[PDB]
Amino acid sequence: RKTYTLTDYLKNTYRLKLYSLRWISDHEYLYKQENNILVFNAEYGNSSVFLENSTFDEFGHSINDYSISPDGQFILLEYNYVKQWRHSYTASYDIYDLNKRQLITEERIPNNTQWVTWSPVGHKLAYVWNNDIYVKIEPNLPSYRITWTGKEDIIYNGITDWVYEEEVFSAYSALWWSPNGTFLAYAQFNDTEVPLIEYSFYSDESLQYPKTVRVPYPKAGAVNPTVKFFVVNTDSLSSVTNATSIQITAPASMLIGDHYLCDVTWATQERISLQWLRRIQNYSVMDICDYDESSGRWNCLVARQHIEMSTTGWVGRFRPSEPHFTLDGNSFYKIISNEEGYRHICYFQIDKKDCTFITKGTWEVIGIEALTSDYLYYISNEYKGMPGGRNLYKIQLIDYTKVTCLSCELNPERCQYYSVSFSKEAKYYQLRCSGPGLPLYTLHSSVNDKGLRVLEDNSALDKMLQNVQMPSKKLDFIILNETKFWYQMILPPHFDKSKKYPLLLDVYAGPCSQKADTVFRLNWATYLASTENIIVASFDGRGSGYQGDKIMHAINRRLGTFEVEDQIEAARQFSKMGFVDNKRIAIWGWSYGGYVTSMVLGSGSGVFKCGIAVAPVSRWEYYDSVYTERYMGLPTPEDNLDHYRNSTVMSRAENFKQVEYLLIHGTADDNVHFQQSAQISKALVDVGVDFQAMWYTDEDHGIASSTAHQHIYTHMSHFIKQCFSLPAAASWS
Amino acid sequence: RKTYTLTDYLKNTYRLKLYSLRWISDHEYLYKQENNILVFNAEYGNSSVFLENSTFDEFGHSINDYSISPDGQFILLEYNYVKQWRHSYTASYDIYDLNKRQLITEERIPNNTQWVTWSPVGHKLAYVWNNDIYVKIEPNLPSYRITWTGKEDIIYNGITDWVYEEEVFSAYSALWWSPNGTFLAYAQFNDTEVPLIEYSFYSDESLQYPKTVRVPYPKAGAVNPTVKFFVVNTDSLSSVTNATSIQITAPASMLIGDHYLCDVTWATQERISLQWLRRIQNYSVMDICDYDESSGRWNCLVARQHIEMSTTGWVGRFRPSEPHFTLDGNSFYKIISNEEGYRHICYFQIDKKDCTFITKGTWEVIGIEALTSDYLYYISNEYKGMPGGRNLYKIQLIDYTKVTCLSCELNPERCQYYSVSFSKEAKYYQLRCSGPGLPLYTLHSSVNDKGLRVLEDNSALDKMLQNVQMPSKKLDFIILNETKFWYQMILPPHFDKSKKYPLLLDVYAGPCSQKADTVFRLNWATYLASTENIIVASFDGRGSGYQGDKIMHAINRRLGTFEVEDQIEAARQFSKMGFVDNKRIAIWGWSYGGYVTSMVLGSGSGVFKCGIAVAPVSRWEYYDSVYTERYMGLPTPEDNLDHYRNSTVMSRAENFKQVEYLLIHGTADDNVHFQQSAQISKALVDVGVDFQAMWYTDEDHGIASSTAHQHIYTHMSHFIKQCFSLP
Ligand SMILES: *[C@@H]1O[C@H](CO)[C@@H](O[C@@H]2O[C@H](CO)[C@@H](O[C@H]3O[C@H](CO[C@H]4O[C@H](CO)[C@@H](O)[C@H](O)[C@@H]4O)[C@@H](O)[C@H](O[C@H]4O[C@H](CO)[C@@H](O)[C@H](O)[C@@H]4O)[C@@H]3O)[C@H](O)[C@H]2NC(C)=O)[C@H](O)[C@H]1NC(C)=O
Ligand SMILES: NC[C@]1(c2ccccc2)CC[C@H](OC/C=C/c2ccccc2)CC1
Ligand SMILES: NC[C@]1(c2ccccc2)CC[C@H](OC/C=C/c2ccccc2)CC1
Ligand SMILES: *[C@@H]1O[C@H](CO)[C@@H](O)[C@H](O)[C@H]1NC(C)=O
Ligand SMILES: *[C@@H]1O[C@H](CO)[C@@H](O)[C@H](O)[C@H]1NC(C)=O
Ligand SMILES: *[C@@H]1O[C@H](CO)[C@@H](O)[C@H](O)[C@H]1NC(C)=O
Ligand SMILES: *[C@@H]1O[C@H](CO)[C@@H](O)[C@H](O)[C@H]1NC(C)=O
Ligand SMILES: *[C@@H]1O[C@H](CO)[C@@H](O)[C@H](O)[C@H]1NC(C)=O
Ligand SMILES: *[C@@H]1O[C@H](CO)[C@@H](O)[C@H](O)[C@H]1NC(C)=O
Ligand SMILES: *[C@@H]1O[C@H](CO)[C@@H](O)[C@H](O)[C@H]1NC(C)=O
Ligand SMILES: *[C@@H]1O[C@H](CO)[C@@H](O)[C@H](O)[C@H]1NC(C)=O
Ligand SMILES: *[C@@H]1O[C@H](CO)[C@@H](O)[C@H](O)[C@H]1NC(C)=O
Ligand SMILES: *[C@@H]1O[C@H](CO)[C@@H](O)[C@H](O)[C@H]1NC(C)=O
Ligand SMILES: *[C@@H]1O[C@H](CO)[C@@H](O)[C@H](O)[C@H]1NC(C)=O
Ligand SMILES: *[C@@H]1O[C@H](CO)[C@@H](O)[C@H](O)[C@H]1NC(C)=O
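Chains B and A supply the protein sequences, listed in that same order. So for the first sequence, the entry's author numbering puts the first residue at 40; every next one is plus one. So for the second sequence, the entry's author numbering puts the first residue at 40; every next one is plus one.
None of these hints come from the bench; they were simulated from the model. Using N, Cα and C, we set each Cβ at its ideal position, and we do this for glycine too. One or more of the hints may lead you astray.
The list that follows gives simulated cross-link-like pairs (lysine to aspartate or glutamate, EDC-like), each with its CA atoms no further than 20 angstroms apart [as the list claims (entries may be wrong)]: (1) B:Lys760 x A:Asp729; (2) B:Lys760 x A:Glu699; (3) B:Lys250 x A:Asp709; (4) A:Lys760 x B:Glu699; (5) A:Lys760 x B:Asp729; (6) A:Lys250 x B:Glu232; (7) B:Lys267 x B:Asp297.
Calculated Cβ distances over 12 angstroms to all of chain B for the following chain A residues [said to hold, decoys possible]: (8) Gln141; (9) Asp329; (10) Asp413; (11) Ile518.
With the rest of the complex left out, here is chain B:
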C-alpha cells in the first residue's frame, strides 16, 4: 500500500470530518450543509432549511462568517476579514433582515470594526470601532456611543491590548452582556506607559521602504497596562445625552500594587462576579457585585469576597478558574486545587468563605460543562487513571457519591477523549470523541442519557485510510522516583521491536503542557513515521499538567530546569527500551518547545545528534510579563533575577559544538520576537559554532501562511532526513 506522505500532510489529502453545530434553543440546533444553513430537531433528527446558500452570493463580497441573532430575526455577515494577533482581527459587517428579506444599508456597522456581538437574547448589538464601544438597539437604527476615550495603542475600551488578548482572556473581546441583555459590562485598558516592541514589516515587493510595526508589549518586569471595569444599562440610553457607565473598582487588596482583571462572569440579571489577580500571580480575589435600584450603581459587598491563593505556585492552570452559578446566583461551583494539590470541584455559598469539595481523587476535573437544578456535568481524566484521556461525568447535586460516567463505556477502544456541547437548558448533548480512533460525533438526550443517533463517524476517511500504511500510536508511562510519567510514540507501520529505528522527540514541556494523550492526529509526525520510518515520541515530565500540583508546580520560579532534564531522561529511557538507534535521536519543538529543544541541545548530554528550534524563547526577560512572571516572578535582585540570568539559551552556546542545530523564526513574530533567535544566533557566532538557520519574511508565530507552512515542513523534513541518513528522491521540477 501507499504511505502517508509529506504531500498528503501539506495538501490535506485525508480530511477529518467535523460536525459543528450551534444550539439555538433547548431542542434545536443550526448546522451548515452544502453552504445552506439547516435547522435540526434534536429529538427526531428531521431538518428544515433555515437559510439557502444562494443568499450568501447576493452581496458581491465573499462572506468569512455569519452570526444569527438569538431570536433568529437577523444575520450578521462578516467580510473583509483582516487578521491581527492570535484572536484579534478587523472586518466589515452587514446585517440582513430575515423577516423583511432584505439587506440593511442604513446606520451600518463601520468598516475596520474590531469586535461585534449580539446580545444573548433578542437582537441588540455591541461593537468596538477605533477603540470605542457602540450599542445598536435595533439593526437599522443609529448607534449610541458608549465611550469617547478610545485611542489607538493607548486606550482600549471593550477590546484587549496585546498581553490581555494573548495571556489573560484568550480573546480580543472585553465586552460581557448580562444574561437577558439589559446590561453591558466592559473593561478598559490603558497602555500609556507600556514600552513598544518595534520590528520591520517588508510587505509586497512594491513597498519601497519597509514599515516599522510598533506594539505596546510589556516584557518581563516592564510597566504593565492598567485596567478599569464598567457596566452600562443599555435599556436607558438616550440620543440626547451621553451614556453613564458605572465603574466597579478592584478591591483594596489589589489596588495596593500592580494587578490584572482575570475573569468576568455574570451570575444573574443583576449580579456579576469579577476575579482579580495580583501581578505576583499567587493571590486572587473574587468580588460579587449586585445592582442597586436606589443608586443605579453596583455594590460589591466585602462579605462576599472569595480569596484564592497558592503557596506552591501560581493560581489556576493558566489563570483562576471560572465560577458556575446556580440559577438564583446564591451559590456557585468552581474548580480549585485541593489539599493534595489535585484540581476538583468546590461548592461555595456566596456569603460563606469555606467551600465544600464535591469531587476528590488522584486525577483532575478539566472543566465544568453544564449545571441544572439536579445535576452538574463535568469532564475529567479519572477513567482508567489515564491523565491524557477525557470523559463526561454527571453528579447528583443531592448526593455526591452518585457519579455516573456518560462517555467511558460508549466505545472504549475507539473513544477515550471527549468534549461536549449541551443544548440551551441541557435537554440534549452532542459528544465529540477525538481519539484514539477516528473522531466520532453523536447526539444524546439528558433525561435518561439515551443515545439518539450518530452525527458523523468519519466512515469516508476510514475507507481512504484502509489503503494507506498508517502508523500506530502507543500511550504508556515510565516510573521515575515512584512517580508515573506518561509518554506517547507514533510508531512506523509494521513496527518491529527487534529493529533499531531513529527517534525524534517532539517537545512542548511548558507549564501545564500535555503532549502524551489519546487524541487521533494527522500531522507531520504521521508522515515521519509512515513514510520515513521514524519513531516520533513525546513525554510529559515535571511541570506538565492535569496530574496535580506536585508535578505542575515542580518548575515554579525555575523554568529551564526540571522540564529540560526530564526530556533528556525520557530520551535515555527510550534508548533503554531496545528498539531505538542511540546514534539517531533528534529533538524538535516550537515556542516553549523551541526553548526546551535549545536548552537540551546546549546541555552537553551527548544524547541528541541534532535538533530544530522554531520561534524559541531564548531568555525570559524577552518574553511578556503575564506569562513569564506567572512562573518566574520578577527579574529583580530581590526576587528572581539570578534564575532569569541562569536560564538563557545563549549561556549554553559553547555546547552547541556537539550537535547539528536548525534555528527558524518568522521576522514579524509579535509574540516570541525575532530578537530571541537573533540573540541565539549572535551567541553561537561569538563562540564559533556552525549551525543552520532560516528566517521567514513577514511570518508571525504561527508560520501559517499556506506557502510558508509548506516551506517550513519541507525544510525541516530535509534536515531530519539528512541527520538520520535517510535517502532523498528526485522530482521532475
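Take the given structure of chain B and dock chain A with the ligands to it, following the hints.
Here is chain A with the ligands on its own, set in the frame of chain B:
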C-alpha cells in the same frame, strides 16, 4: 608540503608586509617602525628618530592614529574611535606640542568629533562637532564657531550625509582648505525631506527591547538631499561677531532641477573649481570661481565654465573626474572619454572650451598622479594591452610624444600592477607593486627616474610560502564577437589540464568593475584552490571597466542583462576548455556580485549546480538614488520603470528549483538593506523553492566583525564543499 588552509586565511598566518610612508617635504618621509616614528632622507636612506615610542606611555588611552601638522610643530592623537558608515566615525582628539613637550589641556577638540583636519600649511585646525564647523587658529586658543544650523539627521555642515558619503565623495568630510589655509570651503547638506530607512538593532543580550535605527537614505526615485556650498575667510574671524560664510551658488543649468555637488578642487589661493552633476547623471558643469578682493564675494564667470556630457551613458567612471591645475591655475588636465570612448588625459586652458587630448589609444588612463612644472605622471593599463595591469608613465607638458614608462620594465615577471606615492614636489616617488608576484615597495628619484633602494620585498613571506603548496594564477582572454573579454583563474597546486576540477565563479560584474587583474592576493579563493583543489575563476564581461565605453556603457539603463548573460557565457567557455567538471560549477558574490549571482542562478541556464549570494541587491527600487539612477535613470513610467520591474531577482524565483542556493545577509546592513534578501526569500517561499539561509545579527554590509567574518567563511566553505562532494 602543507596547503594554505581556511584557518591560515581566517587567522592571517601568512602576512603581506607593507611600507606605509608619509611624505613631509620634497626630500624626507616619516615611517612608523616598532611604534617609533622615524624621519628618512630619501636620497641616502639614513634616518633619525622623529618621535620615540615612549613619548605617550602615560597617555591613558589606546591611540588609534595620529596626524602631524604640516609645519611639524604639533601632533593630533586620535582615540575613542567609534565607526559609523564606510568612511564616517567619531573620535576624541588630543593635541601635543612637539617643541614644548606639552599636551594641550585647554580649548580642547571636543569628544565625539565627526571630522578634524589641519590646514595644508602651518597648524590651523577645522573640525565638525554636532554637525557644525569650528576653526582653531592656534591649538591652545578658543575655537571660532562657523555654522549654527547643524542638526542630527537633518543639516550637515562640513560632513556628508549617508548617500554623499557612500556614493559621491567616498568620505565623511565635506571641508576643503585653500592651499595656504586662508580660506575654508565647505558643503552643507539638507536631508529634511529624505525618507528614513528603519531597521532593528538588537545589541548586547542585556538590551530588553531592540532599538530601531533610522537613517535618512534616498532609495531610487525618492526625495534627495539638497546641497549648498560656502567659503569662509579664516584670517578675518572675530571673537566679537559671527563668521560670514560666502555662498557659491550652482549654475542655473543645475538649479532648474535636482542636482549634486560632485567635486571640489582648489586651483590657486584665490580660485576654486566646483563640479556639479544633474540628477540625470549624463550632464555635468565645472565652475571656476575667483575671489573678488573689492566685494569679498566669489564670482564664477561663464567664460571659465566647462560642460561634460555623455550621449551613451553617465559622466565619469563613477563620477566626473578631478581636474589637476597648473600652479598658476590658468590651465588644467583631466581624464575625459575621447571620441572612440577611451578615457584619456585632456589639457584645458580655463577660458577655452575645446580641450586637447595628450594621450590616445585603445587603453585607458586610470589616474593622474602628479603634475610638475615639466611633466605629468599618470597610471594606465597601456602596457602589453592588458586592461588588468597598471604602470606609471610620465609625459612632457611641452611635447606629448615624449612619454616614458617608469615602471613597465623594472621587474616585468614579478610586477605588472603598480600604484605610486610622490614627495611634496615630486622629486621622489615610492612605487608599490602589488602583483603578480609578492608585493614589492621601492624608492626612486624623479631627476632621471633612477632606483634608489628596495624598501620592502616580502622576503620573510617568500621564505614561509616556500613550504606551502600555493595555487597559481592565470590571466587570459576569450574572444566573443571579435572582442576580447578577460578572465582570471586561481588554479590548484600541481594543476593538471588532463584532469577535470570543480569550478567556482567569483563575481562582481557591476558597472566599471574589474575582477580579472594581475594583483597577488591571499584570500578565501587561495584556500579553495590550495586545500580544496577548486578552480576559482572571475570574468569581466559587458559593463566592466577600463576597456572603453563600448564595453562599460553596454549595460546603460539595463542592469541585470548583459553582465548576467556574460557570466553564464564565461562558465560555458570554461567548460569548453576541457579541465572543468561541468557537473560541479558554482557561483558566488557579495553586493552587486550577490545580485548577479542570484540573477544567474535564476536564469534557467542549467550551467550552475549551486551558488551563494551575500548581501545582494534584489530590486533596484530598494537601492540608493545616486548609484542606482546613474545606470538606471528614474523608476517612472516616462523614464525606466519597465526595466526596473523586469530586472528583479524575485521575478526569477521559479527557476531557483534548478539550483542549490545559500542566501546570507547582515540584519544591520545600512547599505544593501536586509529588506533586499527578505524579499528574495519571500518570493522563493511563495513558489515552493527550497534554499539555505543565514542572517548575521547586527552585522552590516561588511559582515566584518572578527567572529562574524570567521563564521561566514566557515559556513560558505561547508556549503561549497557539500555542493562539490569534498570531504
Ligand atoms: C642624513 O645624512 C645627511 C648627511 O650627513 C644629513 O645632512 C646633514 O645635516 C646636517 C644637520 O642639518 C648639516 O650639518 C651642518 O652643515 C653645515 C656644514 O656643512 C658642511 O659640512 C658637512 C659635514 O659636517 C657636509 O655634510 C656639508 O656638505 C658641508 O660641507 C654647518 O655649517 C651647519 O651648522 C649650522 O647648524 C648647526 C645645527 O644643525 C648649528 O649647530 C651650527 O652652529 C650652525 O648654525 C650644520 O652643522 C649637514 O650639512 C648635512 N649634510 C648634507 C645635507 O650634505 C641629514 O640631516 C641626515 N638625515 C636624517 C633624516 O638623518
Ligand atoms: N503565550 C502563552 C503560550 C506561549 C507561546 C510562546 C512562548 C511561550 C508560551 C501560547 C498560548 C498557550 O495558551 C494556553 C491556554 C490557556 C487557556 C485558554 C482558555 C481557557 C483557559 C486557559 C500557553 C503558552
Ligand atoms: N555603493 C556603491 C558600491 C555598491 C555596494 C553595494 C551594492 C551595489 C553597489 C560600493 C562602493 C563602490 O565604490 C567604487 C569607488 C569609487 C571611487 C572612489 C574614490 C574615487 C573615485 C571613485 C561601487 C559599488
Ligand atoms: C420536525 O418534525 C416535527 C413533526 O414531527 C415538526 O413539528 C418540526 O417543526 C420539525 N422540525 C424541523 C426542524 O424540521
Ligand atoms: C466601507 O468601505 C467601502 C469601500 O471604501 C465603502 O464603499 C463603504 O461605504 C464603507 N462602509 C461603511 C459602513 O463606511
Ligand atoms: C492613562 O494612564 C495615564 C498614566 O499612565 C494617564 O495619564 C491617563 O490619564 C490615563 N487615561 C485614561 C483615559 O484613563
Ligand atoms: C458626549 O461626550 C463627548 C466627549 O466628551 C462630547 O464631545 C459631547 O459633546 C458629549 N455629548 C453630550 C450630548 O453631552
Ligand atoms: C432583564 O433583566 C432586567 C434586570 O433584572 C429586568 O429589569 C428586565 O425586565 C429583564 N427582561 C425581561 C424580558 O424580563
Ligand atoms: C507569592 O509568591 C511570593 C514569591 O515567591 C512569596 O513571597 C509569597 O509568600 C507567595 N504568597 C503565597 C500566598 O504563598
Ligand atoms: C571627554 O570625555 C572624558 C570622559 O568623560 C572627559 O574626562 C574629558 O574632559 C572630555 N573632553 C572634553 C574635551 O570635553
Ligand atoms: C532645509 O530644507 C527644508 C526643506 O526641505 C527647509 O524648510 C529648511 O529651511 C532648510 N534648512 C536649512 C538650514 O537650509
Ligand atoms: C551668532 O549666531 C547665533 C545663532 O544664530 C546667535 O545665538 C548668537 O547670538 C550670534 N552671536 C553674535 C555675536 O551675533
Ligand atoms: C595666502 O593666500 C592669501 C590669498 O591670496 C594671501 O592673502 C595670504 O597672504 C597668503 N599667505 C601667505 C603666508 O603667503
Ligand atoms: C541623458 O539621459 C536621458 C535619459 O536617457 C536622455 O533623455 C538625454 O537625452 C541624455 N542626454 C544626452 C546628452 O544623451
Ligand atoms: C554577440 O553578438 C550577438 C549578436 O548581436 C549578441 O546577441 C550577443 O549578446 C553578443 N555577445 C557578446 C557581445 O558577448
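Do the hints match the structure? See the list:
Of the supplied pair hints, the one linking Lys760 of chain B and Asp729 of chain A holds, its CA atoms being roughly 15 angstroms apart against a limit of 20 angstroms. Under the criterion of a C-alpha separation no larger than 20 angstroms, the hint pairing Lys760 of chain B with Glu699 of chain A is consistent with the structure, at around 17 angstroms. Between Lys250 of chain B and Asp709 of chain A the alpha-carbon distance is near 15 angstroms, which keeps this suggested pair within the 20 angstroms criterion. Of the pairs offered as hints, the one joining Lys760 of chain A and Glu699 of chain B holds, with about 17 angstroms between alpha carbons and a cut-off of 20 angstroms not exceeded.
Note on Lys760 of chain A and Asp729 of chain B: the hinted pairing holds, with a Cα-Cα distance of about 14 angstroms set against a maximum of 20 angstroms. For the hint linking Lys250 of chain A to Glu232 of chain B, the alpha-carbon distance of about 17 angstroms falls within 20 angstroms, and the restraint holds. Between the alpha carbons of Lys267 of chain B and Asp297 of chain B the distance comes to roughly 12 angstroms, so the proposed pair stays at or under 20 angstroms and holds. The beta carbon of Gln141 of chain A is kept farther than 12 angstroms from every beta carbon of chain B, the shortest such distance being approximately 43 angstroms.
The Cβ of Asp329 of chain A lies farther than 12 angstroms from every Cβ of chain B, with a closest approach of about 44 angstroms, so its non-interface assignment holds. At the 12 angstroms boundary, the C-beta of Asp413 of chain A stays outside the reach of chain B, the nearest C-beta of that chain being 54 angstroms off. Distance to chain B confirms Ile518 of chain A as a non-interface residue, since its nearest Cβ pair spans about 36 angstroms, more than 12 angstroms.
In summary, the structure agrees with every hint in the numbered list given earlier.
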